[PDB]
Amino acid sequence: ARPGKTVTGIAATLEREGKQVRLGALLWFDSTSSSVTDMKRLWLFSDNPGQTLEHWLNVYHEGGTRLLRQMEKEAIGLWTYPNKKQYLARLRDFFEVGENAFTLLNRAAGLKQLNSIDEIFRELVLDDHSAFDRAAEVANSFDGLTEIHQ
Amino acid sequence: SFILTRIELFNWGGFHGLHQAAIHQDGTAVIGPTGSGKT
Amino acid sequence: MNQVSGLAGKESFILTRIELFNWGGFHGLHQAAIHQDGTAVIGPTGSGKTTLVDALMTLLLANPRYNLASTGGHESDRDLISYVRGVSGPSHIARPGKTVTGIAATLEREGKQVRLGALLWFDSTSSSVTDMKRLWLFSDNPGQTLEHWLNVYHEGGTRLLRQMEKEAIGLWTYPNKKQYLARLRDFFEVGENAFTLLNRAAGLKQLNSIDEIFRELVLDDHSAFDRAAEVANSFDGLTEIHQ
Amino acid sequence: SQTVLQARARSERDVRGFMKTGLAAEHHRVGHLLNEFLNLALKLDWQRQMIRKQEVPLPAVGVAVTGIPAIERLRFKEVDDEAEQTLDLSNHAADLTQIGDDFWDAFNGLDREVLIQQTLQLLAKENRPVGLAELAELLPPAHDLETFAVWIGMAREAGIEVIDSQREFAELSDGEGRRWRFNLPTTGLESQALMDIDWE
Amino acid sequence: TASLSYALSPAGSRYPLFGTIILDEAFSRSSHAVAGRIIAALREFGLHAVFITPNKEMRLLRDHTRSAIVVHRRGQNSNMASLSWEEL
Amino acid sequence: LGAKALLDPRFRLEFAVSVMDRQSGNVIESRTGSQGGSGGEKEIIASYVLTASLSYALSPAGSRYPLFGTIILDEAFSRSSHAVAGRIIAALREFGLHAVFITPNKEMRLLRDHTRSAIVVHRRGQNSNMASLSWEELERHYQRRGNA
Amino acid sequence: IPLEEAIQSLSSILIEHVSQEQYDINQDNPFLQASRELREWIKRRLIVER
Ligand SMILES: Nc1ncnc2c1ncn2[C@@H]1O[C@H](COP(=O)(O)OP(=O)(O)O)[C@@H](O)[C@H]1O
Ligand SMILES: Nc1ncnc2c1ncn2[C@@H]1O[C@H](COP(=O)(O)OP(=O)(O)O)[C@@H](O)[C@H]1O
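First to last, the protein sequences are chains W, A, D, S, V, F and U. To convert, note that position 104 of the first sequence is 204 in the entry's author numbering; the numbers rise steadily by one, no gaps. To convert, note that position 1 of the second sequence is 12 in the entry's author numbering; the numbers rise steadily by one, no gaps. Sequence positions in the third sequence follow the entry's author numbering and run 1 to 90, 98 to 250. To convert, note that position 134 of the fourth sequence is 432 in the entry's author numbering; the numbers rise steadily by one, no gaps. To convert, note that position 85 of the fifth sequence is 1082 in the entry's author numbering; the numbers rise steadily by one, no gaps. To convert, note that position 99 of the sixth sequence is 1046 in the entry's author numbering; the numbers rise steadily by one, no gaps. To convert, note that position 22 of the seventh sequence is 69 in the entry's author numbering; the numbers rise steadily by one, no gaps.
It is possible that some hints are incorrect.
[Stated by the list, open to error] Derived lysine-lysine pairs resembling BS3-like cross-links, with alpha carbons at most 30 Å apart:
1) W:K184 / W:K105
2) U:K90 / W:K184
3) U:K90 / S:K351
4) W:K173 / A:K49
5) W:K119 / A:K49
6) D:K140 / W:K212
7) A:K49 / W:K212
8) F:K951 / D:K184
Calculated directly from the structure, the hints in this document are not laboratory data.
Chain W with its partners taken away, still in its complex shape:
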């Protein structure tokens, strides 16, 4: 539908006892190029109710990214993260939960395979701290020492 120059928007919102929180994003292409790195991103985080995806898109069309970060600085209760890791760090700080929480939420959101229980745990429930690479490193060190001995 939008192969050429375009702008895309997303904005969720939640509240607890009459206080707003709003997760935002913007994704626009300056041309038809559609490679992953070509995607120009600008994440947004704001609790000020006046902020809306409509307002962000209006500001974008009026100016651009240069104006957007200026809007964040001039604005209050708003933030902008030109990268995602910082954005998600902020979000995890606000909700005071580790990344494992969100990742498990997403894993559960589409759980349809829904197989025997043992697979539910190992796959979805439990964070991963396997020890394959470390065993490989131990073997490497032992082989090097054996090389010295030989």
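With chain W fixed as given, assemble chains A, D, S, V, F and U with the ligands onto it according to the hints.
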């Protein structure tokens, strides 16, 4: 606890122009024909 | 719409009947009559509908994909021995000792009835496949029924059932499953691959792309990994000689 | 303690690196030279900025000439890219009527709580077994087959006896008037066995 | 459905010699219209069909079928019942 | 399997689930070794345990209440009956979770029984439009359609 | 602490101490201040990151 009631969504998926969801904090469902934009 | 269903019966044997005895949760005797035009099966979840479906596929294939609907291509939790043992998920075994389980189905093409059968029994309390004793029945005789076969088995061992087949017209029986399956395939003039595809359909579920549809659901692989292994071993012998 | 083991393995790495030095002649000469140079390097004051960025007399090899400044290689911004896209912030609202009839029919599905309440009340007032046909006549179902299933469901849930071989029939008109004839199992719904069971 | 119908038809037969097809969880992941089209395709292939459902899409099955089998379980025991309907 | 059993911690353990008597240590249930293959019970068990775990992860330490109450779910309800689906909704609410249920136009009745609002989505070719409603407005629109 | 999480939490903490006017208060960008302080404390060998 915070409860999600909104989705302002623009030029995303099969959603041209602006769209808006109003999920309800009291318990909600979202429904549409196969291939309608739920997922 | 359903008028074409009768045309299918003219063109083909359509299956509408079931006789059961102590299969899974279906303890004692139970039976079902089915409409030629098509049918449905219903009930609360975890009540025995997929158990009945598996009951059907046990008669038709050497090995089905038990409860393939639940798994989605993954290994079945159940099998013939569990169903005949009345497993319920860990008293959880309804039939621990020497017991019997009978299952059968009926069909019709142009008014001509054909009934398949399977008399199962443990003569032991152990639940191994070896302890899993069985007899399979193919019938062009309408008068032969799962109740009759159950009664004959109650009279005595398999020798009474085979003797009954010899005495009975239009009946065949096979204490070896593959003979029964070969008889069924010969009757229907189609290879077992059709029944394997039917079983895949019995638990038809998700996939990820059009290519996967063909590759998994449609076709049979017969990949040549064994050929590669033997080729590699023979070439290793050749390498020995060359060295 | 794992952290220490990492350092020990790291050190064994360099031990292994220095074990293999049975160099060829030219390799051996350059190895002597490089070890001498590196020893000389340690004594420099690396932390200082100016030490690091001092030039060295190493000769230029692999030299590449580039960026020949021909004026004819110049090209200029072209403004044909100005094709504008409208900001369509309008609300692309929905149209409820366009939704298929099947959606509404599912939206009309059989409600089990109301059906349970009504059936229990009817059977309580009737204070006797009531077959499925009798219930259909006494209570015109909306989703006829849905209510048949749910009625047999309560029957089995209460353990009420059922015989499937002996039969009985009940006729009903559907939502569009077309009439149907059912074949049904003989049984009698008894109220007392039903109220004693919880339903959801 | 196409592959199964084609496989079940002996050599040169435009229609199967075994027309029954089983579908457990018939339409657990589909809408009403899609399931209707599925049954229409089955009609195109002239196959007798069996659908299983934990009380979903009763509208479609009632519109498209002519009989039902009831499944219920009390404790470790289960039993069935037979039901049918026809158009007058 | 052996490599994971050795170097992957969790595979060193077999996970089992059971159903406990509220008032006592009495236990009759076990989902381990032999899953039972129940076509409805496995689904409810998995969804329940997943909801509990997800709530625990979502709740900042100390608090028994998740801070991000929203959860997303799907046709696990379709695999579930009406009663077990109601059990699912009850458990989800009890763990402090507000939820959003997606389904392709079916199992309406129990949703209406145990949910307040709904959203409808359209497909009009290569386009989709969606509106938010309360159950009662949808019911009134159904009545309008039924009249004509 | 993962560095991004650490710096975000630090920028949150420093904001609490803007009330402590008696020592430096960042007038315009607390996040920059937190990043600078993490750099500085790495420079003093107070915190080593790997
Ligand atoms: N890769 C895709 N395949 C099919 N449809 C897609 C795809 N990408 C976007 N779409 C658009 O977005 C929608 C995605 O399908 P969707 O209806 O959300 O799945 P579901 O039926 O499970 O809810 C489609 O209706 C379509 O308009
Ligand atoms: N052969 C069996 N093996 C293991 N568990 C069984 C077996 N038969 C019945 N059960 C139990 O009895 C019920 C059978 O219902 P079932 O048809 O298998 O599930 P569904 O209707 O969802 O497909 C299940 O709740 C299951 O726990």
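Structure-based check of all given hints:
Straight-line distance between C-alpha atoms of W:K184 and W:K105 comes to about 22 Å, which keeps the hinted pair within the 30 Å bound. As the CA atoms of U:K90 and W:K184 are separated by approximately 27 Å, the hinted pair is consistent with the 30 Å bound. Of the supplied pair hints, the one linking U:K90 and S:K351 holds, its CA atoms being roughly 21 Å apart against a limit of 30 Å. At most 30 Å may separate the alpha-carbon atoms for a hinted pair to count; W:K173 and A:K49 exceed this at roughly 35 Å.
Simply put, W:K119 and A:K49 have alpha-carbon atoms about 27 Å apart, close enough for the 30 Å limit, and the pair holds. A threshold of 30 Å between alpha carbons decides the hint, and for D:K140 with W:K212 the separation of about 37 Å lies outside it, so the pair is violated. Using a Cα cut-off of 30 Å, the hinted pair A:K49 and W:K212 holds, with the two alpha carbons roughly 15 Å apart. Of the pairs offered as hints, the one joining F:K951 and D:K184 is violated, with about 38 Å between alpha carbons and a cut-off of 30 Å exceeded.
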